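One chain comes next, on its own, written out as structure tokens in the form deposited in one PDB entry.
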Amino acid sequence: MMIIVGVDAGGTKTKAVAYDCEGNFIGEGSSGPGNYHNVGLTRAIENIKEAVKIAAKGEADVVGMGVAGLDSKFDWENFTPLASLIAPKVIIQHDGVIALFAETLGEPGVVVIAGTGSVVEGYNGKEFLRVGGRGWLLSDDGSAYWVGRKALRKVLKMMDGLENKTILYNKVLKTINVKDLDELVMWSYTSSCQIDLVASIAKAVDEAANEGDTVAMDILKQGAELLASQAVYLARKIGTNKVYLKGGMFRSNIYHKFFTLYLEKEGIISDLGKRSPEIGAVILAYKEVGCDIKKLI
């Protein structure tokens, strides 16, 4: 039969699931990061290949992959030529695209992915579209990173006495394990360009907001609305009144509420994601080769 493998090549790991063309599961596999910016081009390719081989228990006939790190034509040019060696037929898209297909099952739609970074991905039946998702410095509005940065800056002002200290102050310090301005400054000397670390602070903001801290509540509001406006823009551009929401930021009740209130006022319906990215990659492959998605899901 035809062995089809869906792959989610991420920043920390690569996960793959193999199915035949009749919706039957074959196996699954995992390997290191598939994002070449993190482990180099060759290592990234090898990891994707490893995951695919484990899942397929040998060679695969078709491989659909959602890859993180392809944020510029230059990335695609560097990656595509080698990724194509993985199998006789390989379909390559952004990691956000398979996350979208996991929910739309290959049909048009828009998905908001708000985790460490943020992005709004869309598909209109022919072209794939995107807004945001270009990194922590240039973009990523309302991501965990964006939230943590705002929190850090607010805490500094409290330390300066410009504003009174709120629950947020200790929550943040607890997260990065610093007890005062002196340790915070020292912390910035070696951690300022530590993306994951800054992003981890979003959890402290959520905790503070739940406990009644309006300063924390306001940060979530601003981030959520900034990202939600982008979601509305793409949804309107694609022609759908429903968007899917995915990512760690949505684990925050207050963040999710501000986000949905914004969408609702704009006439947009939303649904939290319920399928895995890799399944969306298998769907990406099914669409390309002609296997019935109905037998799969």
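Numbering follows the first chain given and starts at 1. Take the two forms, superpose them, and find the largest set of C-alpha atoms that agree within 1.5 Å; that set is the rigid core. First, how it differs from the form deposited in another entry.
Once both forms are fitted on their core, the CA shift for residue 116 between the two forms remains under 2 Å. Core-superposed comparison between the two forms: CA of residue 237 displaced by less than 2 Å. If you fit the larger rigid part between the two forms on its C-alpha atoms, the smaller part is left turned by 26 degrees.
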Given for the second form:
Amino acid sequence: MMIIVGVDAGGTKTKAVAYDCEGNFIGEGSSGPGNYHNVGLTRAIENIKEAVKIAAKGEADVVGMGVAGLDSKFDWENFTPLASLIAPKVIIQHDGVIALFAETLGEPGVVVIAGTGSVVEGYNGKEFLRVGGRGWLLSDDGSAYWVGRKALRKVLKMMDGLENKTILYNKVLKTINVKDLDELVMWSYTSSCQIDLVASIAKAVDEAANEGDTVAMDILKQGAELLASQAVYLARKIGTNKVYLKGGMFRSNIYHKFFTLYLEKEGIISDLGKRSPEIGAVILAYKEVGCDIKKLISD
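Could you drop in the structure for the form deposited in another entry? We only have the form deposited in one PDB entry so far.
Chain alone follows, minus partners and molecules.
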């Protein structure tokens, strides 16, 4: 019958899930980044189309998508037209909006997305509010890019002899395949503006942290608390006592722990939640075309 696809077009990757209109799962698909600021509009759209095609096993009737990078009116006006050519019916929203809707389903609340970039999104019963979520230079506190940059800067200070070399040191050098200061410099000058390459270093930080390296742990702690502070601010403003946590950074057990500890000390409850942003997009699509959301229930 009808094929409805929900999509999370993020900075790290694009994830899509397809369902019919009767709540039944059809399939899933993944592709590259959906943030056009990082891969360009042509490729971002191509990646979304690919993820959708894979999940639907062909053409889709309705596509709902949460998108990273729609940070200005300019961003929206150039993205919308192209994204609408993907299927007969297409629904587009900022990724923070979809991630939050996926969980609160129309009710007030706050969600945090911590992936290649980051954002805190809330809903006060009347409108959506955003804190951060404006790119790597201006924002993205506690994101993978933010963590990767901090690690790179720390590694140089270790090479300079300013600080002792820790586990993090070799984890980073191996990740980007660099053996000395000279190679690190060259890597930086040709990788400086490639957000994905810097963000990829967050994995090295997580590995070093899991092995007890306080230097790596400090980076994760600072990033998590910088972002968590924004979540606490918005939660208090909206009047909610809980915040939902989504994104690849929360797959870092230590990062997640520092984030939850901060929220808890500030009287806020954290919840990873049961609903992904992509299924949130499916739900929004269901509402748009009239499919019964309760049919998605399964056990």
